[PDB]
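Single chain ahead, by itself, as structure tokens, in the form deposited in one PDB entry.
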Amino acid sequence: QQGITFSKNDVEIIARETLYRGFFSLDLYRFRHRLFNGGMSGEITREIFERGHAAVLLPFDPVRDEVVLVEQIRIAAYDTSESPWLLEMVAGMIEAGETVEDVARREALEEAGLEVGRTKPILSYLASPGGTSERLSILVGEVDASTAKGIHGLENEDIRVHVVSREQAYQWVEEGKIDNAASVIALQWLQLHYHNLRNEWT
């Protein structure tokens, strides 16, 4: 019984309340939960940043062993980063009735001008589950990186396409030049799986 965790039957959600509602929401969860030493906690409250969930596309060209990155400003990066312009994966929020794949394919075209061939799921992760419910689901998508260039984006969206070798992109993760979770996770996954992925797609 390694890694067996407590379950949803060990927590009682008492109420969910909305503290702020705008573009996103801030909710308050009130709950009680089982303690590892036995028995139950008192009522606990936690603030939860509720912004829905997102799809992420790692655009990989298996013939060229290249990745397509998109550069855009993320103002929230400002206070802790050298620059708020980040090198990132194609990504977008998911709405009702849409799939991860729908969003990934649409954003690849809107954000990078890319048609996508085959896709494969990589990983789905919680961005920061002590304070936000956000989950992101990553796919790898087959692209022609020789086509990828220019300035894209809609609505105050200004995006520059960069094409780099896989090895260079991964080194940029190691060095801290790429340092947003979605790109780090996707490019680490690629560094662990590129051999078989290139074989599969050629």
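The term rigid core refers to the most C-alpha atoms you can superpose between the two forms while keeping them within 1.5 Å. Residue numbers count along the first chain shown, from 1. First, how it differs from the form deposited in another entry.
Once both forms are overlaid on the rigid core, the distance between the two CA positions of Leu35 between these two forms is 2 angstroms or more.
With the core held fixed, the Cα of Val11 is displaced between these two forms by 2 Å or more.
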Contents of the next structure:
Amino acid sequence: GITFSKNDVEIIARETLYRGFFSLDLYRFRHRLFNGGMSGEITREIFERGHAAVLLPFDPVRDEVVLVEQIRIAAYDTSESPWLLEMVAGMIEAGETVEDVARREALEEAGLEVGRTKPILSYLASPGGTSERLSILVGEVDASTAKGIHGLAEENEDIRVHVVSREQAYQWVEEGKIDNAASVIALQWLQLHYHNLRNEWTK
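Having seen the form deposited in one PDB entry, I'd like the form deposited in another entry now, please.
Chain only, nothing else included.
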């Protein structure tokens, strides 16, 4: 596997390029080379938006998944529609745990009370240009309690809940109808683990 550590990097500076809702910084740095010595000075524009907790709501009794739908305008230029089917998710504030945030966002974004959880994976969304990390859990839910329109009018959020079979959700990944990283990763994980997960949660 890997070889080097943070001691093998010199971050010379992080220079603010843009500050608004999100931020962009120019990282200026040097790093050790595989064949020895230090690199020249490298610069990269890095999009900074904090980090997220993500929850796949799975009903192991019914073999159903709860998805949320809302507009993500950034999807527009490359997608059939900017309304996407997604996992519940939210930012992790200072000092918070993934599990606390995941449970809260499930309740706030989709009205869901989560029972047990298990970790899926924690991933870097696109580390060539953004620092964002997202940590995914699967959360036990009763999919008869998933309903209604959600979102804070204070943040111009408008969210619909969809309850589908696991099989349908995964088929939608295969077909490209679900095609955002968090949901693809979560639903592929679920396809690899659902048998044992249902056993664990219906014992």
